[PDB]
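There are 4 protein chains.
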Amino acid sequence: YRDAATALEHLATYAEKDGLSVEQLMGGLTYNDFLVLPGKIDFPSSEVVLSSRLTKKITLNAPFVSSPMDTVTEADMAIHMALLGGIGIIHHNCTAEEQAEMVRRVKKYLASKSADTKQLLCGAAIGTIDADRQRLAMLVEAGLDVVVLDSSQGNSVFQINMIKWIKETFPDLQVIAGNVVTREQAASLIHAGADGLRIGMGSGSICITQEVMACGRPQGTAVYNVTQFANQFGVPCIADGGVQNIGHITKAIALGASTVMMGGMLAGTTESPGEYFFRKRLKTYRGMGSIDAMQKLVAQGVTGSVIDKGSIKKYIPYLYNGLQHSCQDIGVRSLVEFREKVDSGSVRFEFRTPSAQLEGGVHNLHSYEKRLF
Amino acid sequence: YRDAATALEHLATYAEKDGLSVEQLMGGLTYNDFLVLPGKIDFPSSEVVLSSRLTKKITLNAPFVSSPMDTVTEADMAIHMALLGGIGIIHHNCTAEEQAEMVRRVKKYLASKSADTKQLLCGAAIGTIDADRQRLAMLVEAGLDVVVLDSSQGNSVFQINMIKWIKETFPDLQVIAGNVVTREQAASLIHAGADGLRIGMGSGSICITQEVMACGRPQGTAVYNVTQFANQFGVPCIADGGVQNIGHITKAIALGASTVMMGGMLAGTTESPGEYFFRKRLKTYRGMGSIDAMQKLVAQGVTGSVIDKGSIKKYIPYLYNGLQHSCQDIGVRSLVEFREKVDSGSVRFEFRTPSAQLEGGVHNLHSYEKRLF
Amino acid sequence: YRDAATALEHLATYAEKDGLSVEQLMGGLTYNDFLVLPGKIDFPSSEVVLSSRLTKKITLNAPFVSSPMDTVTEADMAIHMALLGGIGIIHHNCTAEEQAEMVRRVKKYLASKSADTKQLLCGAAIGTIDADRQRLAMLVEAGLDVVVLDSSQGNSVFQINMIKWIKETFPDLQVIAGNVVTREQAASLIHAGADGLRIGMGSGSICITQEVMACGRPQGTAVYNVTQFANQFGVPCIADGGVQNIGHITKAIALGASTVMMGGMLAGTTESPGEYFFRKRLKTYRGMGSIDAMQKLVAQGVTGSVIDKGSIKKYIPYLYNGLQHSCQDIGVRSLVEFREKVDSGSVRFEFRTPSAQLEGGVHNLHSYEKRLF
Amino acid sequence: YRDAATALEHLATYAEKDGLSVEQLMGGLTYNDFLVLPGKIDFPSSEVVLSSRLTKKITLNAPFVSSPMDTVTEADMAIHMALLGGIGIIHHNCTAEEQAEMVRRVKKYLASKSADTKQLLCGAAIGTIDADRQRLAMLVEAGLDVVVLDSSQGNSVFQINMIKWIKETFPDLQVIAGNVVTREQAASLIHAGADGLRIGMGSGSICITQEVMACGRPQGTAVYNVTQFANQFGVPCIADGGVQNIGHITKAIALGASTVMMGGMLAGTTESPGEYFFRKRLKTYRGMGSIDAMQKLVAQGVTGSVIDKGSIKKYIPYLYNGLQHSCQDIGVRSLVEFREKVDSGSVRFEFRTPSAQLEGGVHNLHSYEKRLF
Ligand SMILES: O=c1[nH]cnc2c1ncn2[C@@H]1O[C@H](COP(=O)(O)O)[C@@H](O)[C@H]1O
Ligand SMILES: O=c1[nH]cnc2c1ncn2[C@@H]1O[C@H](COP(=O)(O)O)[C@@H](O)[C@H]1O
Ligand SMILES: O=c1[nH]cnc2c1ncn2[C@@H]1O[C@H](COP(=O)(O)O)[C@@H](O)[C@H]1O
Ligand SMILES: O=c1[nH]cnc2c1ncn2[C@@H]1O[C@H](COP(=O)(O)O)[C@@H](O)[C@H]1O
Ligand SMILES: [K+]
Ligand SMILES: [K+]
Ligand SMILES: [K+]
Ligand SMILES: [K+]
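Chains as they are written, first to last, in the deposited numbering: chain F, 3 to 28, 34 to 116, 237 to 406, 409 to 425, 445 to 521; chain P, 3 to 28, 34 to 116, 237 to 406, 409 to 425, 445 to 521; chain V, 3 to 28, 34 to 116, 237 to 406, 409 to 425, 445 to 521; chain E, 3 to 28, 34 to 116, 237 to 406, 409 to 425, 445 to 521.
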C-alpha cells in the first residue's frame, strides 16, 4: 500500500478535484437535483458571515427577503424581517393610501437600518401601470428605501419605461426589476437601469404559471444563467420561488443568487397577515395571480392553506444558524467567500438521481415527527 | 464591473441565445417535459391573433377542435365550437342517418362560417370501410365542410383508397387523414391527397393503445417529426390527444401543430352529449375503442367519468385569452409569428427534470383549491 | 410548398427512417421504457401468423407459455394451454410421483400436439440435484415432451452436468436451460447442449431476487443481449417474467424472444391451481422462492393474491387477437417477419420519458373501469 | 446457424464482456440505481467466506457493524453483534461513566474476539471536543478495542487533532475517522493517521442533513470515490447509511466498502435499547442529530418508529446466509475475491431505469406478505 504520509500529495495525481465544478454541473434542473460536497472545517459555524447585497447600494446582514404577497408581508412582517437582519417587501394588493401607511408604520417604528436616520429598512411592491406612478410617490413620501416592480414577466416596455422614470424622478431610490429567468431579460432590465433583479417564473409553491402559460424556467437553472450575466455588472439577484428549506437557500446562493425571497415558508407565521383558522391550525396562503387575490380571468396562482409555523422570531434565527452550519460543512467563512470559491471551482457539486433523493430524505420508517428546531 | 449601458451589447459575446432552439430540444419526450422561455413584451395580450389553418383551404380563428367522440361532440358541441371560433368533429358512433341529421342541425343553425352561405362550419368523422362511402354522401348532402378519417392507425391501404376516392368524388370537400405519429405515415397520406393530418397515438387520456398494442409515440415528439415534414407541403396538422391545459396547447403549436384536438377537456361540459350524474357532478367520458363504445374483442380505450366543467361558452374564452397571454409572455403577436420565430431559433426552450416539474406545479401546501378562472 | 406527389420521394432526403432501430435503442431499460412505431397496414389482422419456436425442434402456434409455479400450472392449465396453441410447464413443487401423474393426465387427454401420436404437448420443470434424475425418468415415462431446468441462476456446473446427462440419456427430449440474463451465461448453457433458453432474473411480479441478491437484469435488456447471441445458434429463448399485458409480449418478441412465459397473468384464472377466496374474488399467487412455497432460509419471492381473471379460454384468445392487431399496426404479417424487419432496421422504436409513460396510460379522469375485453 | 460447440469461443468475437465494469458504471447514483450481473456457479454458497477488514489491524468474520446510536447499540447489541461475527459501536449519548460501563459489560462477558485474551471485541463512539479526551481514557481502561470519531463531517481540524492525539497517546488503539464522502476528505484523515474510514453523509434513513445543510453525497458514489482512494493506502472503509437489505450490502462492498454499518435495520430488534410500544409492535428510532437525541438548535435527523424485527440472533444469520447466496450468484468465493474480480472488470454491472426498478420489485399484485425468512 501507499504511505499515509503521502496521502495529501497523492491528490495531485488526480486531474481534478472530486465532484463537479458549478460550470460542469450547469439540463433544466433545480435545487433538489444536486448537492454541494463537504469541504474542510477549520473554523466554528459562529464565525460564518451572512452579509448579502440586496441591491447595488443596499446590503443586508441576512439574505432573507419576505415576498410581496397579501398573505405574507405587511407592516408586521416587514418590521420583524428588518429587525432580524433581513427585509420585507410590502404588497400592493391594496390602495396606495393603505400601502403607504404600512410603510410609515415600518419607518416610524444585525437589524437592517438606514445609515443616516437609523430607521428600519423597508421595501414595497408596485405594478407597472400609470396609476402606480402616484402610488410610488406616496410610498417615497412614507420613507420607502427600495421598490420592487412586481411582475411574472418583467421584460416589458411598460416595466422598462417605469424603471427609466423612477431613476430620473427618484435617483436616491433603489429599483429591483423582474421577474426574469433568462440572460436576455436580464440585459434588458440592467440596461434599463435596474439596481437588482428578481429571479423566478413558475417555481412558486402556489404558482401554476408554467402550467397555464407554458412559460417559465427551472429555478436553479434560471439563477445560474441570470446571475452569471448579472453579476458581471455588479447587479445583485434575488432567487424568488421554490425555496422551502435551508438547503434550498444555500444552493440558491451557490448558483449566484445574492439573496432569497420566501413566500410559503413565511406564510402561516404569526407575523404574516390573515387570521389563523382550524381544519390543525392553518393560515390562508394564495398566489397573487389567484382569482381570490385578483378579485380582492386567467389565474396563474392558487388559493391554499399552510399550517401554523409560529413566530419568525424563532424561525429566521433557525435559518440563520442553519445557514452558518451549512457554510461550515462546505468550508467557507462567508457568502462572499462562498461565491468566490464556487466560481474558482474549489467548491464541488454532485448530481442526485431520484433514488439518491429518496435516500437523501427520510426513508423506510413506520412513522416519524419532523421537528426542525 | 461592466457598464450597464453595454448590457445589450454584451449579449453578442455569447455564442448563442440563452436556452435551446427547437431543433436542439428535439428523446421520446412530450409536453410536460419542457418549457418555453419568456421573451420581450412590447404589446398587449389583446393584440395576439390566434388564427389557425385547420386544412389547406380552411382557416379557423381559434386552434380549438372538439374530438369525434360520442361523449364529446354532437350537434350542440359542434354549433358552439363553431360560434366561438373553433370547430367540432361529429362522431360516427351512430347511424348514417343520425349523423347526417346532426350535421344539418349545425348547418341550418370570430365565428367559424362559410364565405358563401355564412353558415356555421361543420366537421364529421367516418370509418374507412365500404359502408362509410354512402355515409359520407349523406353527410355531404347535409352540408359537411370537412371530413375526418377516424383511425388509431391511419397509414393503411383502406384509408389511402378512401382518401383517393373522396378527392375524386367530392373535390370541394376537405379531407383530414390520420391518426399518424411518424414521418413515413405522413408522406403516405400526404401523397394520397390529404388536406390535413391528425397527429396522435396513445396520448389520449382515455387511451391504452400503447399499453395493449405497444404501438404509439410520445405526443410532443410525434408532433415535431410529423409537422417538420408535413409543413413542407403546406399540410396543417392537428395535435390530437394528451392536451389538458392551455400550456399543452401552446407547446403543441410550438412543435409545429396548426390546431389542437380535445376530448377530455371538453368532456363533462354542458354542451357535451350524455347526462350529468352524481357520485359530485360527473359525466361519462369513454374512449371510442372502449368495450362500451364498441358495443353501443380487444379494447384500446376505457370508460370513465369526468367532473362537470360547465359551459364551453366560458371555458373556450378562457383558453382563448389564456393563449393570448401565453404568446405575450413569449413575445409573439400571432401563431404565425410563433411558428416563424420558433423555426428561426428566436424562441428558446428548456428541459424540465422531474424535480423541476414538481417545482413547476403547486407544491408544499396543506391544501388548495384550483380555480382556473 | 412542396408538391404532394413528391412526398414519398422526399423521404429519401432523410438520412434514416423516423425513430430508432433496435440497435440504436439498445442503458438498463425494460419493456415500459419504449414503444414500437407504427408502420404500413396493407393486410387484415386476421392474416397475422403467430407461430413460434419453443425449442430447436418444437414450434408452437402461439408464443404463450405458462410458468412452472404451483399457483399457475398443473394438469388443468397445461391441457388448456396446449389446446389453445401454447404450452404449459408443470411445476415440481410436489413428489415425482405426483408430477408424473399430472403429465400423464395431459398426455392421455392451432392445438399443440405431437406429430406422431397427436397427443397434447406437455412441458415440466425439475431441479438440478441428483434426485431429479429419477424424477425426470418418471416424467419421460409419462410422455413428457420438453423439460425446463428450473433455476434463478442457470449458469452452474450442476445445471451444465444435468444438461449433458439428459442429452446423452434422453436424446429425443428437448431441454430448456435457465434462467439467464447475460451473454456469457447463454454461451455456457448453449455449449452444454441446451435446446432453448429461459430469460429473466428478478423481473417477476412476485420476485425480489434483485432486492435480496442484488443480482439480476432489466428484462428488456436481458432479452436483447441474450437473444442477440443465442439466435446466432438457432436457440429459441423464452422471455420469462415482468409480462403483464399484450404490449409487453410484442416488445419481448421485438427484442429477440421467441416465446414469452407468464405467471401472474395466468394466476387467478379458473384453470390455475388453488381455490378462489374472498377478501372481491382472489386467488393466491406466490413465488416459488417464497417461504410458503419452500415450506410446502432466504426467500427470493413473496406470497400474494391476484383477482379472479376468469377462464383462459377467453383470456388467451384475447392475447392472441390482440397480438395480431399489434403486428398489424406495426405492419408485419408474422412473428418471423417481425424478427426480420427488426434486425434489418425497418421496424423503428422510440424512447418514453416518465411523462410520456403517464401520457401513454389513462390520465386525468375522475374515475374509470378498465375492461380489456 | 453457428455450431453450439463454438459458443464459448465465439464470446471472443465480442470487444468486451456483457454489461459494464465498475469504472464504466461510475452521475450521482446510489445502491438502487444498478445491479450486479450473475456469473458462473461452480461452488456451494456455504463455501463463501465473508471475512472483512474493519480497520488496518482488525478483521471481522462478517462485514456487519451496528451504528453508534442510542436506539441501536448499547451493551446488549454490542455483545451479540460480536458473538455473531460482527461488531457493535457503543453510542456516547450518555455520560463517560455510563459508556465505560457498557464497554466493560462487553469485555467482561465466527465470534469476534481478541487474539490474546479471547474477550469479545468492542467498539465505541466519541465526540471530538476536549471533554472526550478523558471519556476515551475511561473507555480504554474498560478494554475498548476500537474508537469511532462520530461526526457528520469528519474533515475538521478538531477531528484531525483528535486523531493525532489518540495515535500518540493510545498507539495500540485503532481509530476510525469520519464521516466522509469525498476523496479530499479521505486524504486529510488518512494523512492524520486514521486506521479506517466511515463513509456517508445524508444517506441515513432518519437523516435530513442533505435537506437542511444541502451537503452530502449519494451513498453509492461516495463509497466508490472514497474507497478508490482509501484502498490504495490499505485503509478499510465502512459504508454507513442507506443500507436496508442484503442487496445494499453486496453493492456497498462491490463499490469498495470493506464493511457496512446499519442503524434502522437493527433498530426495533430485541437487542436494541428502548422498550417496545404499541400503535403493531414498534420501537423508537431516531437520528442522533434529532432534537430529542440532542436534548436527551438545528436538527439534522428525525425521531421516528420502526416495527419489531425480532432478535438479531435470527436476523444476522439471515444477512450472513443471504450474502453467501449473493456472492454465489455473482460467482465469487469470498469478499476478497469479490474485490479483486470487480477491480479487474470480471464482475459486470447494469444500470436500472425507474421502470426496471419497479419491475425488479414486487409489482401488479392485489396484495402480498413480505416474509424475508
Ligand atoms: O399568483 C402568482 N402567479 C405567479 N407567480 C406568483 C404568484 N404568487 C406568487 N408568485 C411568485 O412565487 C413566489 C413565492 O414562491 P414560494 O416562496 O415558493 O411560495 C413569490 O415571491 C412570487 O415571485
Ligand atoms: O378508444 C380509443 N382508442 C384510441 N385512441 C382514442 C380512443 N378514444 C379516443 N382516442 C384518441 O384520444 C383523443 C382524446 O384525447 P384526450 O383529449 O387526451 O382525451 C381522441 O381525439 C382520439 O384521437
Ligand atoms: O420465488 C421466486 N424467485 C425468483 N424468481 C421467481 C420466483 N417465482 C417465480 N419466479 C420467476 O418469475 C416468473 C413469473 O413472473 P411474472 O410472470 O412477472 O409473475 C416465473 O416464471 C419465474 O421465472
Ligand atoms: O441525526 C443524524 N444526523 C446525520 N446523520 C445521522 C444521524 N443519525 C444517524 N446518522 C447516520 O445515519 C446512519 C444510519 O443510517 P441508516 O442505517 O440508513 O438508518 C448512522 O450510522 C449515521 O452515520
Ligand atoms: K436521508
Ligand atoms: K409552481
Ligand atoms: K393514454
Ligand atoms: K420483481
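These aren't lab readings, by the way, just hints derived from the structure by calculation. It is possible that part of the hints are untrue.
Since copy identity is lost for identical chains, a pair holds within one copy or between any two.
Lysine to any residue pairs mimicking SDA-like chemistry, simulated, CA-CA at most 20 Å apart [said to hold, decoys possible]:
#1 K425 <-> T255
#2 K409 <-> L237
#3 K409 <-> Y516
#4 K19 <-> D299
#5 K461 <-> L445
#6 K518 <-> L411
#7 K245 <-> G92
#8 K63 <-> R4
#9 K518 <-> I455
#10 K457 <-> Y516
#11 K457 <-> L90
#12 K63 <-> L22
#13 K462 <-> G320
#14 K47 <-> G254
#15 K409 <-> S515
#16 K63 <-> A17
#17 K425 <-> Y516
#18 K245 <-> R60
#19 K409 <-> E517
#20 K47 <-> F285
#21 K462 <-> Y3
Status of the hints after comparison with the structure:
1. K425 <-> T255: within (19 Å within a copy, 55 Å between copies)
2. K409 <-> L237: Intra 34 Å, inter 50 Å, cutoff 20 Å: neither.
3. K409 <-> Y516: both (18 Å within a copy, 15 Å between copies)
4. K19 <-> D299: Answer is neither; intra-copy 46 Å and inter-copy 34 Å both fail.
5. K461 <-> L445: Only across copies: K461 and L445 sit 14 Å apart there, 38 Å inside one copy, limit 20 Å.
6. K518 <-> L411: both (18 Å within a copy, 18 Å between copies)
7. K245 <-> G92: Answer is within; shortest intra-copy Cα gap is 14 Å, inter-copy 61 Å.
8. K63 <-> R4: This pair counts as between: shortest inter-copy Cα distance 13 Å, intra-copy 52 Å.
9. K518 <-> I455: both (14 Å within a copy, 19 Å between copies)
10. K457 <-> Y516: For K457 and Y516, the Cα distance is within 20 Å both inside one copy (18 Å) and across copies (17 Å).
11. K457 <-> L90: within (19 Å within a copy, 48 Å between copies)
12. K63 <-> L22: Close neither inside one copy (31 Å) nor across copies (31 Å); limit 20 Å.
13. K462 <-> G320: neither (37 Å within a copy, 42 Å between copies)
14. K47 <-> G254: between (46 Å within a copy, 17 Å between copies)
15. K409 <-> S515: both (19 Å within a copy, 12 Å between copies)
16. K63 <-> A17: Neither: 39 Å inside a copy, 28 Å across copies.
17. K425 <-> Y516: between (39 Å within a copy, 18 Å between copies)
18. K245 <-> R60: Cα proximity of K245 and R60: one copy only (18 Å, versus 64 Å across).
19. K409 <-> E517: both (15 Å within a copy, 18 Å between copies)
20. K47 <-> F285: between (49 Å within a copy, 11 Å between copies)
21. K462 <-> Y3: neither (52 Å within a copy, 38 Å between copies)
Violation of the numbered hints given earlier is confined to hints 2, 4, 12, 13, 16 and 21; the remaining hints are satisfied by the structure.
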